[PDB]
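One protein chain omitted, others in place.
Naming follows writing order (A and B), and every chain is counted from residue 1.
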Amino acid sequence: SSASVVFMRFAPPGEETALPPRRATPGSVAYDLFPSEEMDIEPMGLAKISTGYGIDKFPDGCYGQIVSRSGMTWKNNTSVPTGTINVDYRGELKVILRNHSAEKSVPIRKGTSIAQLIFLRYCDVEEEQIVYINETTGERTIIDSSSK
Amino acid sequence: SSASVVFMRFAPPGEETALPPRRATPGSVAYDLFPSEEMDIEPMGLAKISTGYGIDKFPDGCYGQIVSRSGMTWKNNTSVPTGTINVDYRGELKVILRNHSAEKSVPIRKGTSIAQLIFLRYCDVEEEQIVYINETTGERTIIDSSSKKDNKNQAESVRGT
Partner (left out) sequence: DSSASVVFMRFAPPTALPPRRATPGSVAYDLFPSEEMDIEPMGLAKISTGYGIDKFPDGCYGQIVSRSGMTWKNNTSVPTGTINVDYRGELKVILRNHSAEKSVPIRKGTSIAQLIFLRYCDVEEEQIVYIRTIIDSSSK
């Protein structure tokens, strides 16, 4: 399971839903995410968009980070201001998309990806300590310690 | 001690400070960060908020990236527009939080977390080259090459301006 992922589709197999997460090319590092439903994000608006899928299984030692796509950012003057997917998350992935235009609305459409998902390697910390370091003497005082 | 972290609290053990960085659940990838000071971020404002802690020791091969939390982003219409913590940083972690509301202020309160810190794996590059590639012929020219210093040579340091 070092390089495998399992996405969970929230809609029943007979029902119409979002296009599945897909990497555009063999060198694409992220899966393009698509909306389940259409909308127009008003100027200066912030939208929480359902993608139709969750992550059932993550690659070993990775989590999912939703980041913006260059096209959506540049062409539509947007950003994706958050996107950290915890490895115990059993829900549907939502894309949070901000419109930075004071005048133009952002069209959200079924066939156009709105953001992309990267499987980043992170450290799942096993031992943590909080210390106070005395700047004059160099003395270290352990405040708290915890083992996961 | 490859999957271990040490946070340094800047306030002496007898003084009131921020709640320590803490992961909310066993599957939470990031440590929730708390403020050591209170304020109200004006509409369209940007704040640099002290957390009360630094990182004394990072997990092997990782650095710290401060990123936004979904709740703070969505409920308070904010973003965390920067957050790269270098592995030689000995200072206090500060959260840079932007308010995107044109009308409402964002309340920053002790005990309410404002961002989260992830220990991401990165490549500490040891060898680098700069090349020029001719688009018509395909010929390559090496412009520069550098190997990251590894305490082989020492020299007296000289003051700047």
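The definition used in the following text is that a contact is a pair of C-beta atoms (placed from the backbone, for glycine too) under 8 Å apart; a residue touches a chain by one contact, two chains touch by 3 or more.
Chemist: Just to verify: which one of B:137, B:141 or B:161 makes contact with the chain not shown?
Modeler: B:141
Chemist: For review purposes, identify every residue of chain B that touches the missing chain, sorted by number.
Modeler: 44, 46, 48, 63, 79, 81-84, 86-89, 96, 98, 120-133, 141, 143-144, 148-149
Chemist: Considering the whole complex rather than only what is displayed, give the residues of chain A touching the chain that is not shown.
Modeler: Residue positions of chain A that touch the missing chain: 3-9, 11-13, 20, 23, 25-30, 53, 56, 59, 62, 67-70, 73-74, 77-80, 100, 102, 116, 118-121.
The working rule: only the chains that are shown with their structure count from here on.
Chemist: Give, as an integer number of Å, the spacing between the C-alpha centres of chain B and chain A.
Modeler: 18
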